[PDB]
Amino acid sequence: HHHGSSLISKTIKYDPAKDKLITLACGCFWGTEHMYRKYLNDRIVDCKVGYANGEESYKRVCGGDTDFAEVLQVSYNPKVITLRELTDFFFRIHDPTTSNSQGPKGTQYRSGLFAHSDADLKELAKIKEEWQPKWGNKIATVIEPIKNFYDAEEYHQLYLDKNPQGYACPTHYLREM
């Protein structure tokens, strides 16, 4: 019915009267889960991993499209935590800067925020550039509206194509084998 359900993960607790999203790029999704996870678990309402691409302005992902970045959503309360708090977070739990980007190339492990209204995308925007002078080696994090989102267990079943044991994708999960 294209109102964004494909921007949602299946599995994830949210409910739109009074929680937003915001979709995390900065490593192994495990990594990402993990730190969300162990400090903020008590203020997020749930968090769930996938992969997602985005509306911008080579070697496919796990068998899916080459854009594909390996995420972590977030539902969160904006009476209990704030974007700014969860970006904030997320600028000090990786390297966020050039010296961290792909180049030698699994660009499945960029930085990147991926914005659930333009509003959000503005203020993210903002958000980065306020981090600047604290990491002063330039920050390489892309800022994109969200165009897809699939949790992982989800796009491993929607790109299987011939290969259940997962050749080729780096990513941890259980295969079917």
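Positions refer to the first chain, counted from 1. We call the rigid core the largest set of C-alpha positions that still match within 1.5 Å between the two forms. Compared with the form deposited in another entry:
- In this overlay on the rigid core, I12 has a C-alpha that sits less than 2 Å away from its partner position between the two forms.
- Annotation: Cα of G31 displaced by less than 2 Å between the two forms, core superposition.
- Superposition on the rigid core between the two forms places the CA atom of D65 2 Å or more away from its counterpart.
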The other form holds:
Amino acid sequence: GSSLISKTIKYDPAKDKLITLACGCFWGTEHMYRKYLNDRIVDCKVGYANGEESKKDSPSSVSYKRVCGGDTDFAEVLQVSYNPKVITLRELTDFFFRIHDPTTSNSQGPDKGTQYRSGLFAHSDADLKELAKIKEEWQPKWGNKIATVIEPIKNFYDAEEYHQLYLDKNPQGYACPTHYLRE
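Can I have the other form now, the form deposited in another entry, not the form deposited in one PDB entry?
Only a single chain is listed, so you will not see partners or other molecules.
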């Protein structure tokens, strides 16, 4: 089988939908989404998505230590649970393309590696087609160089508790220079 959904995220399949976002260092990804959109989303959790199953260091999870090895292909991500009647997927994706530089391949600012890659991981085929459409429309704003990988969600594992809400727990922690809301 496969773990696609966070074990700790607040998610009601009757009303909510999911989107998994890769913007580089997931501390910045969560901080941006919570700073500007916490009141409009149901819940969000940081984790590791779309990597090699064989390179997990535990049967049901993958650790920060293991991912930092740089060979697991796992991406540092934020999984967002949201109500479509409160906020649309387009609004969340527009925000996505404003909070990081999506033109760099396997890097975000000084953070280098496949774990920091730009990505949009869809939890349905319908979302996949919409995400690809939104990426197309955003191209001219980023010099037609958008490197964001759009593919279905393959696996997701919650990051360690200390990673959750990191920059809101510790404001003195590392902040990526590219992680800010652009005009």
